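Below are the chains, spelled out letter by letter.
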Amino acid sequence: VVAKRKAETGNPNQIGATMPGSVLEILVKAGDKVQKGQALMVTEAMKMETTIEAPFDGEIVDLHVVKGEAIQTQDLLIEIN
Amino acid sequence: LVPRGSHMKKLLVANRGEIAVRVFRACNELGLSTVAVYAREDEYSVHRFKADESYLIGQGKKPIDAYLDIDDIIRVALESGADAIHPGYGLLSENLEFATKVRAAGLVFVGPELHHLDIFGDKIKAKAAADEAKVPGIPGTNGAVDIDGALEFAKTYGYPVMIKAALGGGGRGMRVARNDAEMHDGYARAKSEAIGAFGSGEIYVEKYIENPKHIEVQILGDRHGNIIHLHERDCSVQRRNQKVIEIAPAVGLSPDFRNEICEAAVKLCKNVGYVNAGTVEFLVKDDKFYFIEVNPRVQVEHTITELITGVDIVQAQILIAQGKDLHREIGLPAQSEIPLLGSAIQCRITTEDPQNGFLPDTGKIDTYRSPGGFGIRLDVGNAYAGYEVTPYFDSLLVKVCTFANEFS
Amino acid sequence: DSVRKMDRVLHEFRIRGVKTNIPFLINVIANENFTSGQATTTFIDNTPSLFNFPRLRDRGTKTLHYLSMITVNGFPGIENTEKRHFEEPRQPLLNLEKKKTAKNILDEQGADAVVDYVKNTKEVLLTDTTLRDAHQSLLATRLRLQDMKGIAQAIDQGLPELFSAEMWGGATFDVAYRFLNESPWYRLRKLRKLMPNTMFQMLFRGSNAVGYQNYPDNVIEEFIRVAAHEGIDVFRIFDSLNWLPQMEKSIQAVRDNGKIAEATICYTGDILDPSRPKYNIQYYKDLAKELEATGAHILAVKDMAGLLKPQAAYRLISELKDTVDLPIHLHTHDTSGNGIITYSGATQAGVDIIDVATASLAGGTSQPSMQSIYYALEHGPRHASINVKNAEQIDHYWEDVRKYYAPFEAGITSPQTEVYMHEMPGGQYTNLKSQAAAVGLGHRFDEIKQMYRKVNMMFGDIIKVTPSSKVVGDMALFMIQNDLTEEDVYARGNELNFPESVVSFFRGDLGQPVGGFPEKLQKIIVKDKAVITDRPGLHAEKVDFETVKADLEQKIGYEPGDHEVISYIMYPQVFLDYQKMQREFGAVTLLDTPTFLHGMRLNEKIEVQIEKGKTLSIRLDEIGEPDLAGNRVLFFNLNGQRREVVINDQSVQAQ
Amino acid sequence: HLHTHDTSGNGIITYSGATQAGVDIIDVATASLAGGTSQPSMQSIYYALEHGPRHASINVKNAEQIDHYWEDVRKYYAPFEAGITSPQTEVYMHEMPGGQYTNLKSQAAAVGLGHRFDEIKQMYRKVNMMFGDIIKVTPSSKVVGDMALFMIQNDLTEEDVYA
Ligand SMILES: Nc1ncnc2c1ncn2[C@@H]1O[C@@H]2COP(=O)(O)O[C@H]3[C@@H](O)[C@H](n4cnc5c(N)ncnc54)O[C@@H]3COP(=O)(O)O[C@H]2[C@H]1O
Ligand SMILES: Nc1ncnc2c1ncn2[C@@H]1O[C@H](COP(=O)(O)OP(=O)(O)O)[C@@H](O)[C@H]1O
Ligand SMILES: [Mg+2]
Ligand SMILES: [Mn+2]
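Residue numbers (my numbering), protein chains in the order written: chain H, 1 to 81; chain B, 1001 to 1408; chain E, 2001 to 2655; chain R, 3001 to 3163.
One chain only, chain H, in its complex shape:
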């Protein structure tokens, strides 16, 4: 079982899963410039839907999940610069 990379605690450049669930849609890709509040991805927990928003302006560095992939709390979703 190769564990998923976790989001670093207190690192606001890294967005980690807040609860277990899955990735419905990915709205952005590596390289994209992005604005505070802009939607980056959508995830599900108990079939409730959450939209992951950019914490500030910056440039997407990389994604760390794929469409429809399962996720556990703290799993690293996306990195920003």
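With a straight-line Cα cutoff of 25 Å, these simulated PhoX-like cross-link-like pairs (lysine-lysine) come out:
no., chain 1, residue 1, chain 2, residue 2
1, R, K3075, E, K2403
2, H, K36, E, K2555
3, E, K2454, R, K3061
Because the hints were derived from the structure by calculation, they are not lab data.
Fit chains B, E and R with the ligands to the known structure of chain H by using the hints.
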């Protein structure tokens, strides 16, 4: 007459532990910001993290000396911009030098006037003041004595007698002598402890009363000539003359008699113009009562008085030090109208091991689960999961009070 | 009171690991509908202000993120090694004398009065470079505010005799932001308060201040206004090619702001070698007269490579003193091992002020030792003006602090007389070493020093100080790397792409050098790019402070001070990258240096002073092993709470 | 034939002074093993005198090339480095030669007085005066050290010894 500079925005507690946390809570409820001080060894004390800011004091000193470091505590008050120092209890809270220097540094000292710390800090001067006010005391040496005046007393009044230090506190400067040989021995050893613990060793003697109750009266006085009592407390449950359990009011005594005790305490405090919180302590035996001490500060057992009166004593202390009127601004009723609701009991839970001669244990607390519910009050010291109990300070973990309509 | 008690209680709760409704409860009881006692069943549903929740600050957590980063992954650009146990640095035992200082005079009577005080002083005066040039030379400019603060008061009180302390400018501005994640402005404010009686001196490039772009005049003027307002007293203004037009506006603005201007002459060559007459004594006199005519308060001679031998120092200073009336402030490096003797020579010739470092940060490519020059002159006709016993005590602190910076040491501190052959100032020497490494020519460095010297002559024999020294380096490197002689460059240069910095030099982007450019070589290098012959700042893209300020506020999410605006203009990307690092790691400036560089050891406890009245007591209890994806979990105790921190282990990830 | 150490940072200027006074031979170290408690630099003194009335006799270009070898070899000895090579003018107060300074450092450590070393340097100076003001070079320097150490460690003032 209100001193200049009585307005407050920030207060500093020259103490630690439960009493510091108790004062911070009152301050916060009054809209004051707070400052803690801590010795290096006490750096994991809850009180440090409850204040709005905190500062290390006494660098390089032994930990208890750090808390007695008058100049360093004043340094912190001035550097932090504090207006006021609340000394809590123990430590420097009855110390004339400390209050003098705090006031000389332009800070409010939350406590009585210097004159009161002088006459009530010294137990000889206090008995003098009690005689002057026509409050019955215990037959005792006219002032301080050498061993010959002591023996003289025992000759006049008889054994047994209580040897007491002018500056004794908690029970450290006192010995019972039932004998000549115990008088020589007891006197020597009471003088040692008095120099060792409090830096001076003046000794007086008193008649030793057999199987008394210890009954004490809570007082508040403001700067506008108002004095009131918040009924009394029975603190007779002691071990080696150290309080273990306290109750309120004194449920085993008649209300007429308790009231008489309260009026005697008020009379004494009126006579000297007492300001702020204070307590008058009496020994009681067969429907007579005798003055022994005034503690011119708040006490550990104030909690039970708050519960049976509804009055917040620490808030009151702070408001009095800001120059406020007990009735007009603080909102206490007239004396006849002070509530008397139910009864209350306080126990102090400590690391004292009763199967090891009450030697206090040290080490890490693995588990700490605190109860609650109706009629329960907790004032925590240093106890939380993970906390390392050190050998440097007192062994108190938490103070527990219960309150109910009926004592049973 | 019941309401106050609730409010007290809600704020006092500490619950971690799950979210709670506490911030909502806090809003509800704050509201007047609730406190009046008049709320109705529809109150909450109709009050949207109850749902505005503040962002609650977490300095503690950014700290643990940083400590975890360094502990596990090391500090970038140095060896990831285990942290030594360091004692507290020694504090000095001073014998204080209260005296009026030059700073006191500047503030009470102005600049010309300071100049008069200098002229009337028989002793040679000293400027301490320990806070700027000494660590720029020896420790890659990495000396941190946190170490500077612990001794700054001692210097102010201890050594009132100092003319000044050199504490800003040069590489410090840039390096502070980019490598130390701390603001040079915060350094200036903090030291300014701790040292109220000491003149603060900066090194300032006439056309660029502390940057390397082409800034218009209004920027240079604004930098000076802010620096002066923030506590810089003496501005040493120099130009990399000793080109006076680059210096005139700066000098005027320093005067206009009520501060002291040193106009600088950079020394190169050898006034005693008649085979290199281009930089002969007449050159220096001529330029000194023109500098005097600008209204500069003091003339500085900047011997950036430590070339000045003691007989030349004597001749140079003595001639200059008979040519202008300004006091002369001489600055050298001890790179050749002749720094003390050169200063002593210059003292006999009348020099007014000299730049010295404290002993434990002196010698080698640093300045000569302050304590040493005292004793060199103690039995001469002119003494050095300093409290030497105090200076020796203070040196103890710097001796201890220097050990924290072991990973940044350039090598052993000893003489290197080959500086007379190649004329690289120290940074140019170390940097050029890194560059030859990164290209696999570390083994041919001695051919490179030889080429550096040839290139210098090829370019007409030029003044080599930042950034002109780099121009020479890049070229010499290029020429070795592509096996080129001077002949080759003249033969087949038309088909070669020369390094950026060289091209810019020959286009006139650094200004005009003494004696112009060699013509054919210029054509060859510049080919079709635009050449200017006037002052580059005349061509600078215009800059509107209101525009830039609004742009910046947008970018950092609060209203920037004038100092932030000027930082952003000076170094735009670096300033923005500093902001990102503040946001990730917080105020790392507050960490002790060994912690800043190495993180923490297992079972170690540290105290971080994050504010007056706030300290983070941090203990590292466990360092978990990495899983296969790199995840490591560290367990800290922070102010009596257990904290679990996840950091990614880079070594695993880059396996 | 004059021999000095550059401990105070005045070694070159002292050698130069001595050259004007007619000194015949001086003791110098190669640059990369010079300065600090070592001798003054051979290459440096050449250049200090180059334009004066009296020169140093050496092939300085060859000396510079040879110094490269020593610069490289010195790095192999990092673990034995006494500390950073820089000036220390307190030598004028205590007068310990360099080995006596480093050794006396180890001894105060081995007895848990590393933290009071500055009191020790002060005592070394007092002891020296106590013994009549003496020449301190091995082993007489050690005599002074052992005593100063003894005196601190047993808390004795000079009089205590006399008393
Ligand atoms: N007659 C004497 N009595 C006592 N001590 C004596 C002395 N003659 C020389 N010294 C000492 O030796 C140091 C070096 O002298 P030197 O002529 O070798 O080395 C000189 C020389 O290289 C240069 N320098 C000084 N005056 C010069 C001049 N008038 N012309 C050319 N060069 C000069 O500066 C260096 C430092 O000279 P500084 O006078 O500060 O330092 C002198 C001084 O401390
Ligand atoms: N004269 C006395 N006779 C009998 N018991 C006494 C006397 N004085 C003190 N005690 C005992 O010691 C306790 C503490 O008395 P106090 O004088 O207030 O000393 P402390 O300073 O320790 O509070 C009393 O409650 C009582 O139990
Ligand atoms: Mg008592
Ligand atoms: Mn320099």
